[PDB]
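So the chains spell out like this:
6 protein chains.
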Amino acid sequence: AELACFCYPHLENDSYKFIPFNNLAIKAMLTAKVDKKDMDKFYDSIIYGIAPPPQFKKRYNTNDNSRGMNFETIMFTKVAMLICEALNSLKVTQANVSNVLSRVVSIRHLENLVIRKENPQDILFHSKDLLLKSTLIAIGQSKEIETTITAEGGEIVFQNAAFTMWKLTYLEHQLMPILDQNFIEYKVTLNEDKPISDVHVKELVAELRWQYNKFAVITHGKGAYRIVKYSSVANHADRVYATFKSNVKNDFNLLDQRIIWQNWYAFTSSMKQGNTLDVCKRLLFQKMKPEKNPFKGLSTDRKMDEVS
Amino acid sequence: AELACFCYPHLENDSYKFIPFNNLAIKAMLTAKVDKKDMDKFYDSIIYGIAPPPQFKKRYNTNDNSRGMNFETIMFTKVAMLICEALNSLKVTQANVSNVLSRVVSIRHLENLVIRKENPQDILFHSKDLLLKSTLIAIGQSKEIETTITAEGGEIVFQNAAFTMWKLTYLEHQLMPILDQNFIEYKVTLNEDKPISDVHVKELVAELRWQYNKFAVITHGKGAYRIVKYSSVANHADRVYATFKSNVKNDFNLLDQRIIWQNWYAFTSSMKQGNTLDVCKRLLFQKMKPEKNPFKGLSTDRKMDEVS
Amino acid sequence: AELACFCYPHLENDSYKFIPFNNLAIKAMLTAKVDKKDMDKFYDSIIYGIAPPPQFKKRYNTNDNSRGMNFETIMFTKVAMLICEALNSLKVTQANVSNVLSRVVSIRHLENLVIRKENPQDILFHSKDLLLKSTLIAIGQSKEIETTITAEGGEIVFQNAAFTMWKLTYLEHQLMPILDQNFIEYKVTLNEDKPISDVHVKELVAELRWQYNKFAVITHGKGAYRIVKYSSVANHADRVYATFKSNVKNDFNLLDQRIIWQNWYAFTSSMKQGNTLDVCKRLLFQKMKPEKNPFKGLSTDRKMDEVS
Amino acid sequence: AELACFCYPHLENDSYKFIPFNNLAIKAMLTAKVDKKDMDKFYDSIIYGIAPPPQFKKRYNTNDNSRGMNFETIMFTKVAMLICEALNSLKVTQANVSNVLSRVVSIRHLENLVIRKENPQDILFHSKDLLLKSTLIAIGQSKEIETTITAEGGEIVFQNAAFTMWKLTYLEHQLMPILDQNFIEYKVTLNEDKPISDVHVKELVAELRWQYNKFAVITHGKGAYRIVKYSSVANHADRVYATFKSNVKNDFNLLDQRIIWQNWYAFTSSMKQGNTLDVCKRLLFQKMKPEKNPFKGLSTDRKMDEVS
Amino acid sequence: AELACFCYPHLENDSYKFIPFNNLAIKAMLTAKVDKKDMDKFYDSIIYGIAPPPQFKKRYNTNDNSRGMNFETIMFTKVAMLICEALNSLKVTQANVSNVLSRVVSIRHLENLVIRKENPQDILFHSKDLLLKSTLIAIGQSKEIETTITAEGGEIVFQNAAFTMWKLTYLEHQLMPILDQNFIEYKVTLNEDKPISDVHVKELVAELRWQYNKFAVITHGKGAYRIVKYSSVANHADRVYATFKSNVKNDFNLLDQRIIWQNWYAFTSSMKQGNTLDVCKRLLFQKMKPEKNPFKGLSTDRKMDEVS
Amino acid sequence: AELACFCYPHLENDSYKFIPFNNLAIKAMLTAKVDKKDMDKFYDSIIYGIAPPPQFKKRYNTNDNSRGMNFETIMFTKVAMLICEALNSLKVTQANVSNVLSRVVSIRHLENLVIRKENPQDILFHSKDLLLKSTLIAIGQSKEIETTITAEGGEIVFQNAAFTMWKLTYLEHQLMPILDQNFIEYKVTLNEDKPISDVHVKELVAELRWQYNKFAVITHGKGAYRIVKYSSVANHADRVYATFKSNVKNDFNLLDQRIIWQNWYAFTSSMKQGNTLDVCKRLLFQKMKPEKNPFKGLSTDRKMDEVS
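Those protein sequences? They're chains V, S, D, F, X and C, same order as listed. Counted the way UniProt numbering counts, the first sequence spans residues 2 to 250, 255 to 313. Counted the way UniProt numbering counts, the second sequence spans residues 2 to 250, 255 to 313. Counted the way UniProt numbering counts, the third sequence spans residues 2 to 250, 255 to 313. Counted the way UniProt numbering counts, the fourth sequence spans residues 2 to 250, 255 to 313. Counted the way UniProt numbering counts, the fifth sequence spans residues 2 to 250, 255 to 313. Counted the way UniProt numbering counts, the sixth sequence spans residues 2 to 250, 255 to 313.
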């Protein structure tokens with residue numbers, strides 16, 4: 002979803018400030034009869050302020066759409082405000098503006114940031130600075146990499162001196178939850194962006210083999226691991242390749262080769278080498294030669310530990 | 002209902018300020034034994050302040066009355082306050098007073114204004130000025146015509162550059178809802194009181210033929226369209242004629262002849278010509294000569310649009 | 002119940018201020034082992050402040066008592082505060098004190114005053130002065146007579162220019178409700194303590210014959226009528242006589262003889278003449294000679310009114 | 002309502018048997034497009050059997066009708082069966098048939114009979130003979146007069162050696178209840194159709210003056226008293242006169262003149278004398294000369310009884 | 002869905018009888034590890050009897066499937082039994098068997114038949130013969146055409162002497178409901194398979210223009226009309242063409262050309278002429294020349310009727 | 002628990018029949034004051050029949066016991082009846098009797114048999130013969146080995162041509178559920194007691210490595226596998242050794262060595278060799294030499310399968 006789904010620009014003294022949409026104004030627009038030459042221009046509901054350009058109808062859930070978002074929830078307002086707070090601290094200019102709002106962000110990441118932001122126990126509740134760093138990263142306005150402290154959050158199910166594993170709560174989301182009730186995904190953030198001892202990497206892999214054996218360790222390349230079901234690596238491969246495709250504007258971190266699933270490492274490093282999808286994806290389905298296990302006996306140890 | 006059902010006059014420094022009735026004082030009065038020469042004079046409950054003149058018993062619902070209003074709800078208080086706020090900004094004088102309160106207003110319009118007023122997304126929530134303009138129009142203390150911005154509100158089901166279509170929510174009202182659960186009515190307000198292109202009028206009629214084919218486009222003549230069931234045009238004809246009758250004090258807008266239902270246009274322009282009810286009403290039931298459709302193929306287009 | 006059931010004395014600069022009991026302190030006392038020589042002295046719960054003298058155990062409901070009051074409700078606190086507010090405005094002295102608290106008041110009247118006091122529509126909500134006058138009358142610290150304005154309240158079921166009829170809501174009380182779910186009683190207060198026209202008295206009797214034919218019009222002699230069931234006049238006769246008995250400290258208003266039930270008028274004027282209970286009460290059960298009806302046709306009129 | 006609303010005729014061996022309608026077949030018909038020449042002929046739903054002639058649409062509640070009955074309840078089936086059981090025991094002939102079904106009966110009386118019939122404590126539960134006598138009377142197929150034993154039932158609130166007073170439960174009915182929630186009506190049936198002592202008549206009047214003073218004793222002339230509010234005698238007068246009007250087929258019992266309300270006795274005996282409505286009804290509103298009370302002191306006695 | 006999803010064959014004296022599956026046996030199979038050469042052979046759960054061949058996994062809803070049916074409901078059992086009752090009356094032979102079960106039937110039609118079958122008001126409840134005719138038609142074992150009497154049922158919203166219009170209740174189904182909560186579809190069955198007067202056809206079209214203007218009249222060609230939204234004619238066109246494609250085994258009734266939507270009539274008669282999908286479908290989107298309306302003024306009449 | 006907890010003996014014609022206890026009689030006994038010499042003799046409640054010997058107090062849950070069973074549930078009755086039905090078909094003799102009832106059985110197995118028995122889909126519902134075989138095995142009165150068909154049941158989560166895996170539902174039990182809400186256990190029964198191909202054993206192990214990696218494959222030695230958490234192998238080791246100890250009356258099946266967890270196989274074969282607990286158990290905690298994996302690549306295959 003484009004950032005233009007949550008707010009509109011407004012000049013206030015040479016600089017642009019961003020304002021949240023009223024769900025009722027959006028509703029009005031979904032009702033409106035606009036001309037084809039105004040589909041890109043913001044809409045005026047008259048009664049509830051401005052609304053997103055009519056061309057974004059698809060982003061909002063109606064009776065004929067469940068593919069969009071639930072703009073009538075408080076989460077929408079909350080997410081809009083989270084975005085506006087970030088874009089306003091940037092003092093954007095009359096030129097960089099359109100490009101900013103057209104940026105496509107992940108709503109689940111944004112809603113997850115709100116869940117963090119509103120919890121008094123979360124450090125983000127007390128650091129209005131860390132909160133911005135966390136948001137800017139989310140809306141692609143920060144060179145910085147997402148690490149634990151600035152992570153989208155979720156439920157911590159493992160913590161190391163190097164990593165923090167989160168269980169993504171996308172199902173219990175209000176704005177745009179995962180509909181597939183059979184969904185489960187985890188994210189591993191690096192506590193610090195620095196060197197990691199082999200012992201600490203061994204601790205993580207140990208956990209991921211014992212607790213998440215039916216899951217594949219992959220990454221979207223922005224500095225964090227994604228623990229997804231093997232029965233869903235395919236769709237990830239597509240989505241990540243598609244995004245690499247739009248390389249007309255494009256780094257990609259392959260992350261530790263001792264952690265990442267062998268096939269995924271191949272499929273991605275292959276893609277980084279600038280190959281075709283069919284060439285890459287092909288590497289994903291082929292049973293490769295058993296690589297030399299870096300940490301042997303991991304499972305056997307954890308097993309005996311249990312027994313005692 | 003008379004405005005005297007919601008408040009009473011009070012001199013405070015040469016000018017009259019209006020005060021809301023306590024539902025308990027009204028209840029007291031409905032219990033009171035008043036003399037026939039005091040039926041027009043306000044009532045003193047002693048315990049809960051003043052109450053409306055006993056002659057208004059009929060306006061309030063009791064166990065023997067459902068024809069009145071539900072004065073014991075918070076909406077009554079809210080509507081009273083809405084009225085008092087308007088009448089107080091007028092600084093009414095010791096002579097124009099009685100005439101003011103005896104004015105009969107539409108409660109549904111007033112309750113609808115409250116629903117707008119209390120919604121933070123509605124422009125009326127932020128414009129205490131627009132709110133007054135909207136109310137004054139409702140209580141007949143404004144020459145101005147009701148347009149979208151100052152409309153009674155409801156649920157927007159269509160919006161143009163010229164019109165905004167509202168679904169009247171009279172059934173879900175607290176103060177005096179429509180009892181006929183089979184009720185459905187729409188109102189089309191003009192966004193601006195000015196010229197309207199044929200293309201924009203074509204857009205509206207298109208919607209009203211496709212979405213509201215079982216409805217007749219009519220008007221009460223105050224600048225806005227009313228979309229009512231054909232099985233209810235009759236009662237509207239009576240009510241509007243009756244009101245025209247009280248022409249001892255009386256303009257009537259027939260609105261666009263390309264929009265208004267042919268028979269209704271006839272029945273009204275006939276009435277404006279100062280004819281009798283039987284003469285007019287007669288025009289309402291007769292199958293007139295198929296007029297020359299101004300916009301042909303409207304339905305055929307919308308139909309194909311759907312199919313694709 | 003004694004006023005000493007709701008508060009205790011406290012010297013603060015030569016004058017006594019009254020403080021409300023904590024229901025938990027009362028509970029502690031009902032648990033306490035006190036000596037027979039301290040049964041009259043206030044009790045110290047240590048943990049929750051002072052509590053009423055142990056000799057008042059009977060006034061509070063426990064598992065072995067339903068004859069008392071529900072001191073654990075918020076109403077108890079509310080009633081205590083209502084009392085304390087009144088007794089504090091009197092600046093009582095180190096001598097009149099004990100006599101004050103030993104005064105027996107009617108809790109239902111006190112709780113009814115709270116119901117009035119807390120309703121924003123009631124004049125008592127806005128008149129902290131009228132509120133005191135109303136309370137002082139209730140706790141026997143006012144020569145003044147209870148009239149509508151200072152009435153204990155309840156539900157108004159009739160109102161005249163001379164009278165206001167209230168339906169006592171004793172059943173829905175929290176502190177000490179009537180347990181007999183078959184209970185119904187009304188009270189008629191005089192709007193003003195002054196002359197009353199025969200027409201206004203005729204209006205009242207008309208109502209009491211039509212609407213309350215199964216009820217007897219009586220009075221406890223303090224200026225107001227009590228509309229009770231005939232099947233309960235007996236217990237009233239006893240209670241009122243008993244109170245007259247304690248005449249060692255004693256006026257008694259017989260009220261309009263055209264309103265009061267004949268037998269009750271006899272029983273009371275007989276009692277005022279200082280007779281015995283058996284002499285008086287005897288007059289209550291004997292079918293007396295049909296007195297000359299002052300207002301004839303009252304029922305016949307009201308009946309025809311109905312029919313039309 | 003006509004009996005043709007609950008069943009249709011069917012020849013089975015020279016005699017006609019009556020069959021209940023399926024509520025779904027009735028629903029089908031309310032949906033049907035019938036020709037004007039078939040509006041009187043039964044309807045074939047094809048899927049759910051036969052349904053009443055289309056001309057009876059008005060008798061059934063839909064979304065545009067609350068004036069009819071609730072044919073979709075089990076009570077409808079139950080009432081239909083009650084009717085069919087009665088009409089079948091008559092072995093009606095190919096000529097008397099149409100006249101039978103066109104008979105208009107009182108549904109409340111019929112539903113009340115079902116309530117009796119299904120209660121194992123009611124004598125009608127055990128007497129399939131008494132049940133028929135009770136039903137036939139209800140559908141006008143019995144010369145016999147309705148007495149207690151064959152009464153429509155309800156809640157007994159008084160019983161004598163001569164009379165039984167029932168409280169009509171029309172509000173709690175399923176098929177076609179009274180909508181006016183403010184409704185209350187009583188019926189007094191004669192235990193036996195024979196002479197009644199003055200003492201027994203005195204007992205009844207005593208009760209009706211004490212317990213039902215706000216009610217008028219009237220009758221529809223078929224042998225039983227109806228205790229209705231004075232504020233509703235008017236509508237009864239109309240309904241009874243209207244029925245007398247259809248005297249083209255007509256006895257009328259005025260019942261005891263010492264019981265019946267004076268004005269009603271006048272209005273009816275006047276009507277029996279074959280006068281006009283305006284002549285009769287006029288007698289209903291005029292305050293007549295106080296007749297010589299047959300039973301004096303009735304109320305005074307009951308009153309003293311109470312007191313003791 | 003194949004009939005083999007609800008039952009399995011069984012030889013009992015030279016003839017095959019069909020037995021319903023236990024939902025628990027199906028569950029067992031969805032759990033089973035079968036070899037690729039047994040995917041077509043029935044499965045033995047050991048504990049709950051036989052289950053459908055493993056190759057049908059897709060027909061049953063699990064946590065990874067919502068595209069199938071809800072075999073764990075009672076409706077599944079009920080539908081299975083409905084099928085088995087039909088197939089058993091055929092005394093199928095050791096050769097025609099496999100072909101029978103592989104037949105693909107419409108589950109909604111089958112569940113709708115159960116809803117009819119179990120309603121005591123429905124004629125199918127009483128005609129075990131009509132029930133079979135209705136089922137056999139549904140499972141393609143009857144030359145006969147579906148007419149009202151043997152229709153799948155639903156809610157009757159119009160009835161003529163020629164037609165019966167049903168509202169498909171697919172949403173409220175238990176076995177395999179429509180998931181698109183925005184779904185609405187109607188079916189018009191011919192009461193009798195014979196000539197239909199123009200007046201009766203006029204009555205139907207009148208209803209379909211007034212009540213279902215936003216719907217397109219189409220047909221799947223088996224003798225009945227389907228009233229679907231224009232926004233869904235496309236998917237119908239595909240499904241019907243696809244079915245025509247499997248013409249290796255194929256009549257197609259175009260139904261009354263005065264009723265069927267012009268474009269659909271074209272698209273189908275074109276298909277019957279054996280053309281390509283692109284050729285046919287092309288006719289569906291093109292705004293054709295306004296054909297000569299057979300029944301003029303239909304809407305204008307119905308409109309005036311309403312007004313009166 | 003002893004079988005004597007559910008029933009008592011009774012001579013009826015030279016043979017003993019078993020009768021179920023009334024939960025109320027058991028309750029009576031738990032209340033009884035019995036002498037120490039009667040603690041082993043059945044108890045007579047007088048009012049509710051016989052009850053188990055007082056020495057069994059511990060087997061029943063009271064307010065001071067949660068270690069026992071819930072004898073007041075219907076399951077207790079059901080389980081008692083299941084037992085009595087089995088013991089009665091044996092026609093036990095006046096000598097073998099005491100020994101029979103003193104037999105300790107597993108209640109969860111018995112309740113699980115009831116759950117099977119009462120389900121109409123379960124083969125045990127229809128085979129009163131198979132039901133007995135299944136029960137007798139449970140109460141140790143059958144040489145036969147428990148296989149799928151005669152298994153205690155539960156929820157099938159895997160099925161082969163050789164094995165059926167059940168999920169034990171001990172938590173949802175009524176009679177004596179597992180209290181540790183963190184409990185999870187599985188049981189693998191052999192479909193047939195015969196040779197099993199390596200491919201079929203490979204299929205099972207594949208499932209147990211992929212789906213139950215955190216579980217250890219063990220056995221109690223009676224012919225079936227138990228899939229328990231590694232964090233609970235210890236308690237199993239104790240319980241199984243303890244039972245082996247009572248070898249004064255004793256075969257032990259070690260089951261397939263390619264399936265059973267290496268350490269458990271060692272611990273048990275060691276025990277079969279008649280060693281000490283400390284000697285055996287020692288083998289359970291020591292990380293043994295990586296045995297030669299019989300089926301390599303199992304997980305790698307299943308993984309790729311998923312991905313596709």
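Just to be clear, a hint being listed does not mean it is correct.
One copy or any two copies: either way a pair holds, since identical chains are not told apart in the list.
Capping the alpha-carbon separation at 25 Å, the derived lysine-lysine pairs in DSS-like fashion look like this [unchecked claim]:
hint, residue 1, residue 2
1, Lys59, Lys79
2, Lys308, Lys58
3, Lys37, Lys203
4, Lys277, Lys34
5, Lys59, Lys134
6, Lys144, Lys134
7, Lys34, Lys215
8, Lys286, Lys215
9, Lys301, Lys37
10, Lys195, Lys37
11, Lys42, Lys144
12, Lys203, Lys230
13, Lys292, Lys18
14, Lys58, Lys215
15, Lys215, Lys230
16, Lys38, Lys58
17, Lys34, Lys168
18, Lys250, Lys230
19, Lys294, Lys58
20, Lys34, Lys129
21, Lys34, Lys195
22, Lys308, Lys246
23, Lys28, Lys308
If you are wondering where the hints come from, they were derived from the structure by calculation, not from laboratory data.
May I ask which of the numbered hints given earlier this structure violates, with the numbers listed in increasing order?
When the structure is compared with the hints, numbers 4, 5, 11, 13, 18, 19, 20 and 22 turn out to be violated.
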